[PDB]
Amino acid sequence: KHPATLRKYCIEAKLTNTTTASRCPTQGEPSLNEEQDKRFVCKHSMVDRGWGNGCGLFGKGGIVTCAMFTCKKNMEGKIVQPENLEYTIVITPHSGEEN
Amino acid sequence: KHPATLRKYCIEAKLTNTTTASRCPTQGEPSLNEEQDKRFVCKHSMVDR
Amino acid sequence: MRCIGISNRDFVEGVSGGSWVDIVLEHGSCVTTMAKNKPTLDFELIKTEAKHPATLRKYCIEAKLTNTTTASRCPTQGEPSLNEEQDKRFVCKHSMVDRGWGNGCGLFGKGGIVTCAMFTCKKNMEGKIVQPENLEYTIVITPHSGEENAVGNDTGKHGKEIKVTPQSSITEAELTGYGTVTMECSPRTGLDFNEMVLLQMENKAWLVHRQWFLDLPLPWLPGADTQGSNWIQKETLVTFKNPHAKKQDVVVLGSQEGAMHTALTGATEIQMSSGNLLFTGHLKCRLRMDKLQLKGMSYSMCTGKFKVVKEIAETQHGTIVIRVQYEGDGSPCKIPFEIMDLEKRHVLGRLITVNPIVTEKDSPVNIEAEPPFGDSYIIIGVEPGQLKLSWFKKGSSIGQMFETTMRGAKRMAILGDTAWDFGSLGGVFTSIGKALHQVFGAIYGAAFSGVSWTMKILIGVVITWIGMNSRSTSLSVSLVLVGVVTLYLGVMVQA
Amino acid sequence: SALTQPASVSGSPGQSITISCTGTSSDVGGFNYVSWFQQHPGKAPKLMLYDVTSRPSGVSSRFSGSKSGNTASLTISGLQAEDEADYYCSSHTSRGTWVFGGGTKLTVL
Amino acid sequence: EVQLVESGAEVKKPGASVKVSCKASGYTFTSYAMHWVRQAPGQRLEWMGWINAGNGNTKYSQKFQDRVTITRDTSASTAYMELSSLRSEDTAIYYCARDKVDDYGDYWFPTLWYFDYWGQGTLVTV
Amino acid sequence: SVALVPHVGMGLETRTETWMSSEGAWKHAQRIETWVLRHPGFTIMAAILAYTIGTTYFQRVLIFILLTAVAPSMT
Amino acid sequence: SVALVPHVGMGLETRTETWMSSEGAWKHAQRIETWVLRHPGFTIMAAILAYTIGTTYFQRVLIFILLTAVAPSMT
Ligand SMILES: *[C@@H]1O[C@H](CO)[C@@H](O)[C@H](O)[C@H]1NC(C)=O
Ligand SMILES: *[C@@H]1O[C@H](CO)[C@@H](O)[C@H](O)[C@H]1NC(C)=O
Ligand SMILES: *[C@@H]1O[C@H](CO)[C@@H](O)[C@H](O)[C@H]1NC(C)=O
Ligand SMILES: *[C@@H]1O[C@H](CO)[C@@H](O)[C@H](O)[C@H]1NC(C)=O
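Residue numbers (the entry's author numbering), protein chains in the order written: chain C, 51 to 149; chain A, 51 to 99; chain E, 1 to 495; chain L, 2 to 110; chain K, 1 to 126; chain F, 1 to 75; chain D, 1 to 75.
Be careful, since some hints might not be right.
What the hints assert, rightly or not - Part of the chain K face toward chain L, derived, beta carbon under 10 Å:
1. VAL37
2. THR111
3. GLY121
Don't read these hints as lab results, they were simulated from the structure. Where is the CB? At the ideal position from N, CA and C, for every residue including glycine.
All chains, please: the whole structure from these sequences, using the hints.
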């Protein structure tokens with residue numbers, strides 16, 4: 051009786067509002083306003099940069115990709131205190147009744 | 051000439067809008083809305099109740 | 001310039017008698033070919049297309065059950081029967097429950113019970129296959145002209161792309177001004193598409209092994225099936241629950257999409273929405289540079305002043321690219337470009353954009369050159385107003401040798417026994433090495449298929465220890481080599 | 002975030018006139034995605050320069066581009082009457098968008 | 001010849017919606033991304049977003065993000081720019097400019113010569 | 001399930017990054033570590049049994065590693 | 001994947017039947033059998049390695065069994 055929710059797991063999500071930011075080699079990390087929000091899952095990585103894609107240098111430029119994480123289905127896990135633990139027992143004598 | 055800034059470092063900060071939340075024992079973790087954005091510095095701890 | 005700015009660049013230098021060279025082309029990589037009298041070219045595999053896929057199996061990743069029915073039989077009366085057991089769109093199970101007077105039975109025993117439900121697929125993943133004759137590799141050949149396509153699209157040049165198919169595996173590019181290049185490719189050996197399935201699952205496609213695909217534990221349709229209703233392994237997507245011996249029930253096992261995603265780790269993802277495009281794999285081609293000629297070799301030195309309009313930069317491969325503009329007379333002139341020392345007594349570096357020339361006065365040309373490690377000076381132009389550029393290359397020659405050995409070993413790891421063709425000019429040593437690699441790789445792939453990288457490292461360590469603790473030197477050395485190679489491959493296996 | 006350019010500019014014919022496009026470390030101080038567009042009245046913009054300095058095939062060689070720190074500059078050397086137009090500076094920013102200058106009106110007189 | 005042609009001028013009332021098209025010819029429509037750039041009467045050029053004709057991907061300016069919709073028609077080699085809930089500030093010429101996507105079909109890094117070809121410009125008034 | 005046969009040692013591998021290659025590289029070892037931390041009792045028994053069975057220290061370590069690696073996964 | 005961390009050895013089992021006891025009782029052994037069939041080469045080399053390392057048939061057989069059971073698992 052009266053279980054308490056201990057944790058909700060996400061089993062089906064969706065990603066939206068994906069965004070990316072790049073920086074030229076050796077200039078540090080890119081910045082995304084969405085990195086501040088925790089609803090956005092983000093990752094930093096390196097891409098090849100050079101004259102072709104607008105950089106004066108020819109190194110590994112840092113890049114950050116951010117997408118909004120939204121949960122669609124849950125796996126709630128509840129807990130019960132042993133006090134709210136109604137057990138039910140049925141006692142039937144061997145009365146011999148027909149049924 | 052024309053140097054590009056590589057990183058900013060904080061030498062003097064301040065804290066404001068402090069909030070706290072607790073959960074009864076063995077019921078998991080407290081949840082604060084302020085924990086949603088990274089402007090707020092947070093930490094989890096256990097206090098007897 | 002297309003091949004610059006890509007960290008997986010390869011430099012193939014030298015063509016054999018016959019003016020041909022063997023180059024393997026990879027999708028993420030690029031190849032710059034340098035020959036003595038020939039111009040420098042860039043080769044990139046930019047697309048592999050499989051056409052006319054044929055489904056061989058449609059798996060069910062999510063189903064539902066609708067029409068549950070049960071038949072029950074008293075003990076010693078045999079198993080029951082439902083009319084829907086004959087039905088292939090129903091999934092059935094036989095169990096036993098306690099029976100007796102209380103159940104209206106009269107014999108007090110284990111009465112067999114059968115429960116059936118209709119299996120309906122809600123989501124499936126196709127397993128299309130493609131005939132090896134239907135592949136089409138698209139390749140772009142771009143020469144180091146030092147120029148640009150120019151934005152004015154009324155004339156569009158410098159963009160030769162050649163399509164290579166198993167039927168037409170020989171094709172020539174007509175690079176304007178440089179003659180023509182002939183590619184003699186072997187698409188039938190790049191990838192064994194008779195042992196691969198184009199696995200498509202909810203707007204995401206992977207390239208997977210065919211035996212792996214046929215071994216998946218999900219229910220499947222033959223592939224020609226156009227109505228479902230005959231799923232094979234329906235039992236893998238349902239569970240029959242008989243807690244105690246009261247009732248039997250059947251329920252579905254939820255969407256298998258995430259479990260499939262977990263199963264697909266180690267499978268290369270492809271595109272299958274607008275055609276089946278595979279941006280993975282390699283092509284082995286022979287480069288015919290015989291009818292390939294440098295452009296403007298009849299021209300004369302500029303004898304004018306150059307200005308640097310794009311400041312000299314160092315690419316990821318130890319070379320330097322600069323963009324200079326000519327401001328002088330005699331517009332179609334060879335550009336005097338040398339990598340000398342400070343006193344200009346010795347030639348220290350060799351330029352890569354071979355025979356840099358100026359076609360128009362107001363048309364910058366960008367030169368790529370390979371300087372030496374350490375101090376070097378880039379000289380452009382002649383005595384009046386000659387512009388001398390300094391440069392320091394930070395590496396070491398030993399470091400470059402180590403890096404090249406590492407790159408060659410990595411190429412062997414990926415293109416096992418095909419790494420011998422990446423720059424091969426024929427020869428007997430290359431053939432012997434390739435044959436030995438084929439013989440050894442057959443055994444290695446036989447003995448290490450289906451093993452994760454952690455298991456490879458464990459086995460390599462075990463074999464290395466066994467070789468170390470071996471009385472025989474002939475056995476010890478071979479075992480240690482096998483162990484070290486196994487450790488290397490395990491440390492560089494997942495991709 | 003708009004790239005800042007002088008509201009107007011004027012130069013006597015046959016002279017050289019320069020235009021400035023000051024941006025941030027992301028738009029014009031971080032990348033070479035600097036382009037100059039010339040727009041005559043009642044007409045669509047015309048790409049005059051790109052990659053800071055490179056000029057289109059049909060674009061005259063009188064047009065030269067420079068970039069220093071967060072500022073990119075466009076210079077005109079002939080100052081012909083046909084050069085009198087409105088010039089816009091654009092850059093591809095670090096966040097994947099395009100920002101345009103406020104545009105400078107060049108007048109020969 | 002690589003000519004870009006857009007629909008004709010239109011008059012709309014505040015609170016309405018306007019769709020503008022840009023027909024691309026002379027080049028592979030699927031190989032280039034289509035950008036929409038609007039310019040208010042006697043004001044600066046403003047970037048709105050782009051559509052990748054190869055796969056229909058889009059990126060809008062933070063401004064216009066909620067009102068502008070960009071679509072392409074591979075069959076007609078045509079691009080569309082839907083602006084909903086027009087206001088008095090939306091009166092301006094709406095240009096279309098192209099930029100080639102990479103050989104993968106992904107358009108994330110532009111080419112240095114982006115916006116090399118423009119449409120004539122479509123005028124919208126509210 | 002399908003997740004238990006994760007298309008790893010099939011060859012077919014290239015320079016291009018595979019699917020879920022960043023995580024699956026170490027997630028198995030992470031899982032084994034978590035299991036060993038959550039079930040200390042079995043690991044002690046595995047060490048004792050390996051010591052009893054393994055004549056040399058090489059055999060003992062090999063047996064212990066195999067036992068502790070197969071205990072959670074065999075589940 | 002969660003599917004690699006099932007709820008088997010948690011020690012809560014009652015006389016009542018569990019979620020997939022019938023199905024999952026032999027699933028791992030079936031997987032090992034199928035893997036060993038599809039990849040014989042690793043089986044021969046594992047047998048050779050176990051025979052070499054194991055000084056007594058007990059050690060050799062145990063090592064071979066553990067190697068064969070763990071190879072598909074990480075796979
Ligand atoms: C995400 O995009 C949607 C449009 O699909 C928009 O309504 C929403 O405001 C966006 N959220 C953020 C945080 O930008
Ligand atoms: C923080 O507190 C101040 C008052 O001290 C208030 O004006 C402000 O809105 C608060 N902000 C947040 C994010 O709680
Ligand atoms: C299954 O049940 C549905 C009711 O939802 C019924 O319409 C249909 O005829 C049944 N099909 C059978 C029993 O084969
Ligand atoms: C069980 O009891 C009910 C009511 O007492 C009776 O109707 C029935 O016949 C009995 N036997 C059964 C249900 O087998």
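*Restraint satisfaction for K/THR111 [CB to CB of chain L, less than 10 Å]*: Holds: closest Cβ of chain L sits about 9 Å from K/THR111, inside 10 Å.
*asked:* Holds or violated: the hint that K/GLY121 contacts chain L, with Cβ atoms closer than 10 Å.
replied: Given a least distance of 5 Å, the restraint on K/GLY121 holds.
*When the nearest CB of chain L is found for K/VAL37, is that gap smaller than 10 Å?*
8 Å, holds
Checked against the numbered hints given earlier, this structure breaks none of them.
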